[PDB]
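Next up: just one chain, as structure tokens, the form deposited in one PDB entry.
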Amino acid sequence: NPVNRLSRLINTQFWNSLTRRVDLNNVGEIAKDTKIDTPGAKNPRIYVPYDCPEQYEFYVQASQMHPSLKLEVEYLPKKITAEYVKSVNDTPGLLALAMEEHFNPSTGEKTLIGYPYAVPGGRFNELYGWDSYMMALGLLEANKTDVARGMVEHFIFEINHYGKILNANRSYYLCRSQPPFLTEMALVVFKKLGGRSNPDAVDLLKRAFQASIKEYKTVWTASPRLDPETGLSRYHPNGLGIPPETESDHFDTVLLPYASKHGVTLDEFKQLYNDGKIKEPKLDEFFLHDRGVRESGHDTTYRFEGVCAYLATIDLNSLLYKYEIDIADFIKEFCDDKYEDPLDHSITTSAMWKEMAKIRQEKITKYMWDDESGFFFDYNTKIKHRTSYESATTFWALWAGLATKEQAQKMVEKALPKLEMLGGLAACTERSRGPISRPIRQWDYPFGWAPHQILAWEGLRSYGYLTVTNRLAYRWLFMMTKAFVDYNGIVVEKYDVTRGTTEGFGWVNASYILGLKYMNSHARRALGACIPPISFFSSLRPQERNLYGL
């Protein structure tokens, strides 16, 4: 039965196919990085934080053992600056990550072994960003909890030494973040570990929340990302010049015009830009939004083409609302309601945090909500004006819990129909994508994406619309199954939710196990048979058709 074979292969072989764990012999293998091709990129290189000597000694010991790799091991500046990153663009490295202490039990000798993590696909080696949240949900259902907690340990380390959660732990990503989830990623690994009853769990929860507050205070509610006027935040990272790791021809077409306005070749105009010698400020702005897109993780979409860095999206501000509520909880429960920040001696009560969330809610409802069409549009903060773009992310408001009971009912009724295609939620309505000529962007209609599905499921089920989750979860699980059958045992990164023709893919895999949570015996049987959603709902007694909002 196909849904049992795939499910079986996710829970066992694919997760192992995607685990990574850093010890003294694979370091070379992991740190090898093709994405950049200059001289300096020829030897695998790892960079260590300035204040981690025990870990420096580790990777140096490691580099001597398999010296044929010519692995280089460099300490990082204490003060990591956009100007510095721009320099190491030609000498790129894999950033050191978390590491757990393990001791000999009769001699007592300390050993380092890297906490384990998961890649998004057999064609990667880096710990990626928000991907790791979804994947951690799957790993927890497959009772591989060691790998889920592993990644929380890494995200604390990333925040504590590189100052943010990174797109992925490589040198050339040090200036970009990803959508923040660490609060609820901490919570679920906490609950699965034992909750208050596991002391190791309660230690991890506290660390992950001390670190979460640092991220909130110093990344998202902090300039340049924070818009002071509205109070909301934008994906607006630092960073200089052309992103190195791209396809070399990528920007060649947008660069060529300027290169000829300045009367040089493409290469010379590239070098002269990276060296700061070009005052072409709208080109400086283009690359602002590109780096801003790379931070939203919606890479790319016409929702963000050239506008991303000025947009306070429902995406990020829904996630921050979640941070504000999860943090109030942590303080009133584990800090006796008095959290003083060890960095700046800032005394906050959980009442205060809740108050932060209350105003976020009002602000988001103010600039973003549209009681006619049912959506939460993004708000532009330079043009000071709302968008017409209907995004699947409007449901993050429910995932986070900032929308009112009244608002959700309006969204289910008026907005969910503009987005619900054959196999689930398209990333955006057909209207808002526009026409194609203007190539198609992969986060746009007709594509639908695992993270959008997973968040809308939990978000609907939170506001009481589980009957609607069940219908949506069917259309997804079905379309994934018929592909694994037809495409002859293969799983795919993105899916067309409008029509349908060896390691899995992280959050796709995880999307499957988590949607099966939502299916009864009858439904699984109809899935095994590859019965399309219309046929199957049709085949049902109206009492049970009610279970799918029909």
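Rigid core (definition): largest C-alpha set, two forms, superposition within 1.5 Å. Residue numbers count along the first chain shown, from 1. Compared with the form deposited in another entry:
Residue shifts between these two forms, rigid core superposed: of 157, 273, 124, 251, the only C-alpha displaced by 2 Å or more belongs to 124. Taking the rigid core as fixed, one finds a CA shift for residue 51 smaller than 2 Å between these two forms.
Core-superposed comparison between these two forms: the Cα of residue 64 travels less than 2 Å. After superposition on the rigid core, displacement of the C-alpha of residue 38 between these two forms amounts to 2 Å or more.
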Given for the second form:
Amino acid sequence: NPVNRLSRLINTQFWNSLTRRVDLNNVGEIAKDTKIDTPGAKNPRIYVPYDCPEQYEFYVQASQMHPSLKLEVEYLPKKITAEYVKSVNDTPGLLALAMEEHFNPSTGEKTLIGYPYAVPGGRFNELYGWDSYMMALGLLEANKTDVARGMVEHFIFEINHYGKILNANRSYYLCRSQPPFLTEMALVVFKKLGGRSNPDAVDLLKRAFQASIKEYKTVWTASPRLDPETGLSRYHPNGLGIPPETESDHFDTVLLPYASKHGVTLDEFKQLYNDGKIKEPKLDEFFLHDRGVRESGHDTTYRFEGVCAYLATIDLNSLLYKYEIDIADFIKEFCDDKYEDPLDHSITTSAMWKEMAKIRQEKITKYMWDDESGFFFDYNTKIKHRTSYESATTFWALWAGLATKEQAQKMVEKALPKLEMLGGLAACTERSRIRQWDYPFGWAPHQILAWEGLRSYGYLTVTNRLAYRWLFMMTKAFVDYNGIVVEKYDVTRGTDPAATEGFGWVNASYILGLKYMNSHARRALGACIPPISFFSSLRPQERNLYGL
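In place of the form deposited in one PDB entry, output the structure of the form deposited in another entry.
For this one, just the chain is written down, with no partner chains and no other molecules.
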């Protein structure tokens, strides 16, 4: 049965293939980076913060065992400047992450070994920000918790030492980030470890919310990201120059007009721009929006390219609402409703946080919600106007819990039909739109968040329907492509003419979706029954379970 075959592969072979753990021997296997080709990328390299002498010894000694790798270890400055990262552009490296202390019981000798984590797979050998929530959900269903806990330990380390949750842990990501899930990601691992019963669980919960509170204040509600007028946050990374990790050809088309304006060859224009010599304001802004699109994880989409820096997205501000609610709960329970940030000595109560979320919910509705169309749009903070682009991320409002019941149903009735395709939810409506993250492409995170969001607001029959559509499409591809799991899916079309690891959040979308399926539906999936045929075959009251 292909449903059980795919599931079984995801739970065992796939996650193991994607799992990474740093020991002394595997460095340079973990440090492999194909995305940046340049003379500095030939030898493996790791960067370490100035706070971690013990980690420095670990990796330094790692180079001493296997000089074959020619691995180079380098400390990092206490203050990491945008200019500084531009300097390591041509000499990249992997960033150290959380380490687990393991003591010899007889002789007490302490050895360091990395916490486990999952990579998205393939070209991406690093821990990524918003993939890791998706994967951790799937790993907790596969009952590998240590892999999920490791990533939480990593996000904590990322926030303290690197100042935010990184797009991924590499030199060239140090100014970027990605949509925050840390609060909810901490809760689901807390509950799996046994909750308050487990003292290690409670410890972890506190450290993750301590870090979450700092990420909130110092990153997302700080400037430049925070818009003072609206009080809503935008994606505004401080990265400088042209991002190294793209294709050498990638930007050549937009750069070429500027080079001709400056009368030099493009390859010279590239170098002189990265040397700061050319000052072009209009182009400096473009690359600013580019880095903002890469911080949104949606690179690339038409609602963003040339648009989103100034944009306050339903995406980010929804996940912030979840942060504010989660933080409030944490303080009221474990902090006795009094929390004083040890950094700035700021006292806060749950009532205050619960307040802050109420204002956010008000201001989101003010600047975003549209009752006629049923969508949450994004607000441009520069020109002070609302976007017309209909996006699938509007369901994050449900996932966060900031929408009113009235908003939700108007959104289910009016908004959902335009996003619901054969394979589930397209990333945006056809009218709103060949880019990557636009129609006709569905993406796993969009599905996962909408499933749980729709469930919280009381529609799980819609989730059953949308999950069937997605799992059917994934199952048919598994059998038609002979075990190949593909990263991207066209939800409006059918099949076509190393997948041993799959792709992390696609794997997780499959299992998370199957929880919503009863045994009748799982069997229909094994037969590769299309949704139209499956639904029409059900007794009318069973068909109600799918919202039909």
